[PDB]
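Novice: Now for the letters of each chain:
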Amino acid sequence: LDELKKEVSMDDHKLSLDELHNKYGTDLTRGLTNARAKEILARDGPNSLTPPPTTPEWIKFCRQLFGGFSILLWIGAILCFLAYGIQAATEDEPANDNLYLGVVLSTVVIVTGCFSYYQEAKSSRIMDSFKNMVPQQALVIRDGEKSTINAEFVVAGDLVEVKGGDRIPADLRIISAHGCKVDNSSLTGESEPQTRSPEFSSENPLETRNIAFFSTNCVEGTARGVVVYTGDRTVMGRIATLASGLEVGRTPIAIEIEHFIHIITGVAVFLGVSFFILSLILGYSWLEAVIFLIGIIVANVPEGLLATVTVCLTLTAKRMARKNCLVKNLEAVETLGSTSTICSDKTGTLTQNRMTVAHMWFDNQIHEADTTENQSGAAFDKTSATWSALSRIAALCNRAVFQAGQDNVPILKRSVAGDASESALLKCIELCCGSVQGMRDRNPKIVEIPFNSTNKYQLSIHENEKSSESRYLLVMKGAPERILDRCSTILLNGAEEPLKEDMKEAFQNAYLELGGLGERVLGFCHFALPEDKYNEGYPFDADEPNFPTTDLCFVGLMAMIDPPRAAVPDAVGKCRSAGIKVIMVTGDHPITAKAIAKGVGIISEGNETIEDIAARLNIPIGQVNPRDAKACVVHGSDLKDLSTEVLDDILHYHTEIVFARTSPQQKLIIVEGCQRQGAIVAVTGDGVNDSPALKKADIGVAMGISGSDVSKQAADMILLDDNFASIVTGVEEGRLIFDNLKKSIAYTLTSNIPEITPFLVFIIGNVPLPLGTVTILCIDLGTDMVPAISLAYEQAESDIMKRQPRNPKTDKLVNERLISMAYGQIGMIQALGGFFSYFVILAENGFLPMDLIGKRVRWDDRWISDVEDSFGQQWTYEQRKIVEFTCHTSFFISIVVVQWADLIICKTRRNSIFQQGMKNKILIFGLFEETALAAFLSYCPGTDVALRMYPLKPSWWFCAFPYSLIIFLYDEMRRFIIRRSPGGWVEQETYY
Amino acid sequence: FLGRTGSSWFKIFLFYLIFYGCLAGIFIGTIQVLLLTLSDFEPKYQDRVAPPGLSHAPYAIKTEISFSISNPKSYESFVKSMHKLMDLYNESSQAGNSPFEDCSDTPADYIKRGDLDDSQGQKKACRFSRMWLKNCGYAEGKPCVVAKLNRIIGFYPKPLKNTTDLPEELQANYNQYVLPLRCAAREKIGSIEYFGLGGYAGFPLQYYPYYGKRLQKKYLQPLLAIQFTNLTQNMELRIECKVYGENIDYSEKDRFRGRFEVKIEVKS
Amino acid sequence: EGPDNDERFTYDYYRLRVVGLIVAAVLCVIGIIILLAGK
Ligand SMILES: *[C@@H]1O[C@H](CO)[C@@H](O[C@@H]2O[C@H](CO)[C@@H](O)[C@H](O)[C@H]2NC(C)=O)[C@H](O)[C@H]1NC(C)=O
Ligand SMILES: CC(C)CCC[C@@H](C)[C@H]1CC[C@H]2[C@@H]3CC=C4C[C@@H](O)CC[C@]4(C)[C@H]3CC[C@]12C
Ligand SMILES: *[C@@H]1O[C@H](CO)[C@@H](O)[C@H](O)[C@H]1NC(C)=O
Ligand SMILES: [K+]
Ligand SMILES: [K+]
Ligand SMILES: [K+]
Ligand SMILES: [Mg+2]
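Heads up: the protein sequence lines correspond to chains A, B and C, in order.
Per this note's numbering, residue 92 is the first one in the first sequence, and the count goes up by one each step.
Per this note's numbering, residue 1262 is the first one in the second sequence, and the count goes up by one each step.
Per this note's numbering, residue 579 is the first one in the third sequence, and the count goes up by one each step.
Bear in mind the hints are in silico, worked out from the structure with no lab data behind them.
It is possible that part of the hints are untrue.
With a straight-line Cα cutoff of 16 Å, these simulated EDC-like cross-link-like pairs (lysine to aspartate or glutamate) come out [as the list claims (entries may be wrong)]:
#1 A:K237 with A:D118
#2 B:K1409 with A:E959
#3 B:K1514 with A:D1035
#4 B:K1345 with A:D957
#5 A:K972 with B:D1515
#6 B:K1478 with B:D1378
Examples of chain C residues toward chain B, derived with CB under 7 Å [unchecked claim]:
#7 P581
#8 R586
#9 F587
#10 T588
#11 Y589
Sample of chain C residues lacking proximity to chain B, with all beta carbon distances greater than 12 Å (derived) [what the hints assert, rightly or not]:
#12 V597
#13 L599
#14 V601
#15 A602
#16 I608
Backbone N, C-alpha and C define an ideal beta-carbon position, used for all residues, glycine too.
So here's chain A without its partners, still in its complex pose:
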């Protein structure tokens, strides 16, 4: 469906003005007819973007209600109601049992529904943001008159007029323009104004001057144009549909969740029907055979686990909110840790998006300015007399000003009225020479020639601040070679000297080096005009050169660039150390893209592209082995003619990739390419040109301050302070939570075995029921909850940023090793501890273990009110039941007691508790509150009715203690073996 949209666009900028009117039945001068326009409206449809059809909130909640655990818990709840129906018809039971348990279990489903629903969020208003970019109204020429109309009434063919300030209402062919410049950052991510004129100037419609696009705005001047495209059919309208339309798909974490649900659902139905048949073979009535099956359901399903996962995720998201990193979708907490490839935009993402002075050439010397926001580098020079002369031209020969009331904010962060280059210089001098306004006051400007297309320089004449002169100074700036052709002397260290070919070559050397660094270079020169030739009343004509513009004194060169964010280089290094591949994907030109790639460490030192080899070796590119080149820089124009199979090859064959001058669809393609190789990919961006890429990414991350509204709609995460270092933190947090979820799952699962085994031994042994169904929910929805959560606060056991990204095909959240440990080893020890306490309560009340085998027939029989114990005593029904429920209560408490050790052992997968320590305060809180809850449940009056929880005698609490200890030792000995021998036996068998 969207594959058409993934392709580059075809256009009609190539036609003549006249020819283009033919194509749309239109007038160049008079415009459309009110009748012809309205006709074309009903023909094509509105100049509007239609939001995609969404799955309503109803179906989204209900789709969770039938997911593995919920299904079994439905089978449970219904089978409770079935058993209650069978009772209500046959023997009139005054009991509430199966009714109330069926009510309880269906609530569990509903509440678990909310948790998984909360986790599976999709806050998407992509198409809304795009709709905000179409103006409310447009100015059209119709029947030879200009009128404002509802912009939706705009049709292909009519004459539209735009001016500085207004949004381009539809895709236009420029037929007429006067000083019109436009902001194409929507298409390119670059905001430097682009001229618009009627003349075709590139075969590429996205690069030619005679097209202006919807989703962009006119910055200055005036233009008239013919509407070529409307609504959905516009260039960016298509991007809108692409971005809004892309299928979200399942996250790594979600895939993991579903995976263990199958494993546990698997073992549940296995044992479920395995013991349903095993009962009827042993000759149990269909009245009973459901009650045991219900038990098995509740025994097998970890009722609180999915909710735990959600809360653990949430708590991790809160920590990140506290580091200015907002997470829109809970699952995106993890994905960053599973990331193997980052595709990153440059401008406004890796870079500050602000032309900043980078280097200066004066005194036959390259100096380097500090380009960082917070200015983290060092001073370069202050001392030289040349510097101050250069500094003066930079402040004086400059028309840029700071906007009113910025005094509060830092110099590099404040808004400037003026072009990027003049802003850069303004900020540069204001920084290292204080108030520029100061300098412009001390040296009042009398006449100036502003920068000309023709002149390629800008000059100014100023009253000299010196008392002893107070005379006229000429300052000028512009194209480095053009400034040079107007010089005779060079201000070296203070004193002027002749422009010898020696220094002229040294200039060219400095010029090519700076230009090579992808930086924009300007020349700077002044001339102290002779006193006797220029009166204090002398008149200067700007229009006709009233004064010499040759034989001036060259002072210096200055170079500038949109520099990296301070944290970016280190952040990239750190991502790479974690074995993440970092690709640049930008709409910017290749020279600039490449220079920043090197600057931030996308391209590491010494790595070369085929073109680098060819130039070094002075040989044709056809003659270079492409395998010799580990770095590549692909232009969008070239990418356009490559098949996906060829893109995959580019991806496979290079470690250091730069995709420059890419279109929005092209960024999506690169993302898809990476994904096709099986990699989990993150996108980082800030522009509307990032929206399809951010959408397709496994995790999209947007810039908070610099970011466009569109970009932040498409992302899963927002960096609210633009702190790129947060990506490193995010991957680290993502990694940590993945391990900690394993710990939490293991802990929650372990306690399943002591809930399963009593029901089996109930059948196989014909003994009294050791633990109730109600009792099981008191563990899973009660006591185990806070402990399971608290494992989310575990620190790393080792340097997680030192390991490779997980392989999502091999490294599962829940594997066989976890099941072997939780179900086969620890949980098994827990079952015995529970049983032991059961045998203790019964033996001490007179029923010795030997006499318990095959006693259930007589035990459960309501009408036998004289059951004989081992000592010969006789018990009523309710009497023995109170003992039995006391056994339930002590079994329950035994679980809590063995869950103490389990919590402590689940704390670490590798390290000792003696190594990791007990610095998790939430975990300790878990232990105390868990025990407080259990004690409360046992001893609070009325809980014997509501939950069948009876008071335990003090000695009863200590039954399981030796089992609790054995767990702690066993596991400590086992992990001792892991560490002592990384080889594999204990590792490949038990290492979660």
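Starting from the known structure of chain A, arrange chains B and C with the ligands on it as the hints suggest.
Specialist: Just chains B and C with the ligands now, with coordinates in the frame of chain A:
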């Protein structure tokens, strides 16, 4: 295979064999020590049997004995369990001075046979003749329910003292040596007849205290026959047989705690 | 005692409940103290 190789399937089996073996061994160890802390003659706790239950011979379908006089196979169910209990009180079973003893034919005081020790052989129980149970194939029309007080080691059932008022106001009040039993319904359409030891409507105190199965196998607890020769028919009659005493208490939940709930119907 | 051995069939479930609930509360307070050592 499914998981691993042949070599690896063995190592996991050799593990889980040794592991579970050790676990079973430890579990067994803990049961041994538990048992070692317990007496052979007396359970550690007795507060859960505390006030004794009252149980009867007719096996109640749902605390109910409904049947037809004009039917043979309508009461043959209830006679089975009735015979089951009384079959145990046979005189051929009570043979010789070992281990049985002739005691007072009229209700007497407690008998202490020393302590809960093995310092003597089997403690000698009082004989009980089923012939003491006057009038009771059993009562084919208007039944003969047999009552029983639940055995508790070292329990001395103490009758209430005739200080103030009593339900069966002072009638045949053998104050010193009889634990009484009265059956009730207002709704008085029955005919109460009580058969026991020495003719009394109670349990004779000379069968107490019980010394336990280990120290008194073959011991016989006293019985009390109740016959309801009611001049009524074809309706549910809720009759509560209650025992009275200092050590005897009741519960709203435990409807067998020193009492009966019998739903007789002679639907003939 | 001899005939007056009623204590053998008695347990003070009332005190146990009082003590148990005291302990439950105290362990609950202790937990809050430890948890709130920094929020
Ligand atoms: C316990 O006592 C009853 C008394 O009725 C015994 O029943 C006897 O059974 C035989 C064979 O069926 C009859 O011929 C007799 O008429 C019954 N009564 C008597 C008084 O002998 C019953 O068999 C006894 N059971 C045991 C195990 O001793
Ligand atoms: C109540 C008692 C008698 C039932 C005991 C159940 C036993 C037999 C079960 C429960 C957990 C199970 C283990 C769980 C994990 C694995 C890893 C898997 O890759 C192969 C089988 C293996 C090694 C299982 C073998 C059998 C096992 C030990
Ligand atoms: C019980 O049987 C005896 C004869 O053995 C008889 O005298 C008496 O009437 C009977 N009692 C009742 C209540 O039927
Ligand atoms: K469970
Ligand atoms: K995404
Ligand atoms: K569990
Ligand atoms: Mg950008």
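Novice: Should the interface hint for C:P581 be scored as holding, given a Cβ-Cβ cut-off of 7 Å against chain B?
Specialist: Since chain B brings a Cβ to about 5 Å from C:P581, closer than 7 Å, the hint holds.
Novice: Are A:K237 and A:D118 close enough, with their CA atoms no more than 16 Å apart?
Specialist: Given that 16 Å is the threshold and the Cα spacing comes to 13 Å, the pair holds.
Novice: Against chain B, run the beta carbon of C:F587 and see if the smallest gap drops under 7 Å.
Specialist: Cβ of C:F587 sits 4 Å from chain B, so the hint holds.
Novice: Was C:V597 rightly flagged as not at the interface, with every chain B Cβ beyond 12 Å?
Specialist: Nearest chain B Cβ is 17 Å from C:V597, so the label holds.
Novice: For a C-alpha distance cap of 16 Å, please report whether B:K1478 and B:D1378 respect it.
Specialist: Status holds; Cα separation ~14 Å.
Novice: Would the stated hint for C:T588 survive a check requiring a Cβ distance to chain B of less than 7 Å?
Specialist: C:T588 check passes; min Cβ-Cβ to chain B is 6 Å, inside 7 Å.
Novice: With a cut-off of 7 Å, does the beta carbon of C:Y589 approach a beta carbon of chain B closely enough for the hint to hold?
Specialist: 4 Å, holds
Novice: Closer than 7 Å between Cβ atoms is the bar; does C:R586 clear it against chain B? Give me holds or violated.
Specialist: 6 Å, holds
Novice: Given the hint that B:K1345 pairs with A:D957, does the C-alpha gap stay at or below 16 Å?
Specialist: Given that 16 Å is the threshold and the Cα spacing comes to 14 Å, the pair holds.
Novice: Run the distance test for B:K1514 versus A:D1035: straight-line Cα separation, threshold 16 Å.
Specialist: Given pair B:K1514, A:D1035 holds - Cα atoms ~12 Å apart, limit 16 Å.
Novice: According to the definition I'm using, a residue is off the interface if its beta carbon is farther than 12 Å from all beta carbons of the partner; does C:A602 meet that for chain B?
Specialist: 23 Å, holds
Novice: Is the Cβ of C:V601 farther than 12 Å from every Cβ of chain B?
Specialist: Label holds. Min Cβ-Cβ 21 Å, cutoff 12 Å.
The structure shown violates none of the earlier numbered hints.
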